[PDB]
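Below sits a lone chain in structure tokens, taken as the form deposited in one PDB entry.
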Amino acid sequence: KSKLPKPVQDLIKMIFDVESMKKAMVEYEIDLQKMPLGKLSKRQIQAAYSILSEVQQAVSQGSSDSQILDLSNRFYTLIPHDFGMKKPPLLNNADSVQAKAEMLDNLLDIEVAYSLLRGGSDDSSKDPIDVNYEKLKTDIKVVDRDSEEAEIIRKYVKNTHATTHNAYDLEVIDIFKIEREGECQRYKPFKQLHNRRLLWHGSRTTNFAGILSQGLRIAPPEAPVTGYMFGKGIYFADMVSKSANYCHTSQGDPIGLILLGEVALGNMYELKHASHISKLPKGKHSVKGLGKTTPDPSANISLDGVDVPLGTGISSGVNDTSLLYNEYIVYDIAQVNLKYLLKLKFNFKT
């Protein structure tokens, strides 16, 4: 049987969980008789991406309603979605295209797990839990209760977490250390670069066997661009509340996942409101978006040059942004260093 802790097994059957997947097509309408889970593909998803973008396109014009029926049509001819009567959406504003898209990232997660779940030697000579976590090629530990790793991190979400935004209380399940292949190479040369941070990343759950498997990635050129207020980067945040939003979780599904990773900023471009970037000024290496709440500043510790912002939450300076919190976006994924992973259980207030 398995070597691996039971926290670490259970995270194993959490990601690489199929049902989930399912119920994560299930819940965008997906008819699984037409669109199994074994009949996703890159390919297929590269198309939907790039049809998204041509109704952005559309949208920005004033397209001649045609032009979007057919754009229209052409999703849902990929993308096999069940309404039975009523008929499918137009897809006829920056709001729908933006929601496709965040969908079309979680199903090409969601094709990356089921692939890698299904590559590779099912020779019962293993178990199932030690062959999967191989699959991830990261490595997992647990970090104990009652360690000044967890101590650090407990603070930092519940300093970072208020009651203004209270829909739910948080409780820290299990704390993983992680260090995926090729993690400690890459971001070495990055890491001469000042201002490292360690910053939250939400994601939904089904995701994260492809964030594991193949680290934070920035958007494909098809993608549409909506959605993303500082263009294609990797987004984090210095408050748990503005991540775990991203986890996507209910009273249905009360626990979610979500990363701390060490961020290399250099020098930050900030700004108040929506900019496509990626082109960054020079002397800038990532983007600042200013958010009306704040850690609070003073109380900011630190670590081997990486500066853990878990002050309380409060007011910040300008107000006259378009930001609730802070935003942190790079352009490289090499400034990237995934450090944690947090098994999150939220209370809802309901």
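Positions refer to the first chain, counted from 1. For clarity, a rigid core is taken as the largest C-alpha set superposing within 1.5 Å between two forms. What changes on going to the form deposited in another entry:
After superposition on the rigid core, the C-alpha displacement between the two forms reaches 2 Å or more for just one residue among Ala162, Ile173, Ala94, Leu90, namely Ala162. The Cα shift for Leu324 between the two forms, taken after rigid core superposition, is smaller than 2 angstroms.
Residue displacement note: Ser278 has its CA displaced by at least 2 Å between the two forms (rigid core superposed). For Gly305, the Cα coordinates differ by 2 angstroms or more between the two forms after the core has been superposed.
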Given for the second form:
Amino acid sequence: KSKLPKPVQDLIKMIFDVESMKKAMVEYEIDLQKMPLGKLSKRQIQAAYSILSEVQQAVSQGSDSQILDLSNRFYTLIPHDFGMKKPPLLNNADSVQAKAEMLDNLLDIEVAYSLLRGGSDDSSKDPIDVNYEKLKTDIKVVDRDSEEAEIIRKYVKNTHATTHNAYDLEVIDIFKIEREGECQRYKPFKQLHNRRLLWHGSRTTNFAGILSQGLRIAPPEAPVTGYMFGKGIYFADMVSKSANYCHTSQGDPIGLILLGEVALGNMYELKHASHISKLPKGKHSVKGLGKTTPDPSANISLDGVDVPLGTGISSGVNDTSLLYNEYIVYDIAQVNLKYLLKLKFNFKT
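Which structure goes with the form deposited in another entry, now that we have seen the form deposited in one PDB entry?
Left out here are the partners and the other molecules; the chain alone remains.
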């Protein structure tokens, strides 16, 4: 019957939900009859990334005749749901970014399902406990009246952007998380300057992958032009910016969001897209400069790590693509995951 706390048990049910995984796949227009969850594999996802990288090549150097072949080859590897079809042509940068996002999600979905279908079968144990052990992550409930809880709720309360007011956020549960071996992985960056506690939102169907493997970088096969600042791990200092990447809705309003310790160090500051393969020498991260930023005077420290929980003000940056800040690291070892929040989205529309 499992002795884990209810919030932890409900989290485990959420992230290992097979129907949710399938629902995510059909949202990305995949045909489950031809490419079901069980048929999903890494080498097919990687091969799909490579064909998408060929489409990236052809788009950068200019025809609908020659693109057709490349577009069709992508749909061969990843069957989409169009019947007797003629599917839409993949011929622009948006098409590359949109399919890159699909394959990112399939990578983490595959991991979740592989854990579920690997391992042993014992009906004496509660499957909640069985699935919990597969995450290799210690999850504890943070007490609502603790210090760290008050700081976390204030971060959520203060950094909800006026442009994301179609919903508001309710913190249901705060979990303290510790992935196995991540503290040891983080050790080279633990005393590095400009360490910050930043948000990462993802759809719930990625979290089994994220908690088992950590936040990963998109692989070599992936098209670097599909990612605004190249292939790294992206964070925000505004909760609503990250919360938008939960992809919640009125008929699926429960989401999950991470708080990670991110060793930014010497930030390489950028106003517009820059599809880099590596940082300039001496730089440890990229900061996408937002038009708005949390008030730097209201910065507060939690366990020696800065928490930018001030209300949004003008940054003073003029010609930028970004409304809000964005932080990217290109080495997985620069992230130490600290908390996981379960959020209720109240949509006002």
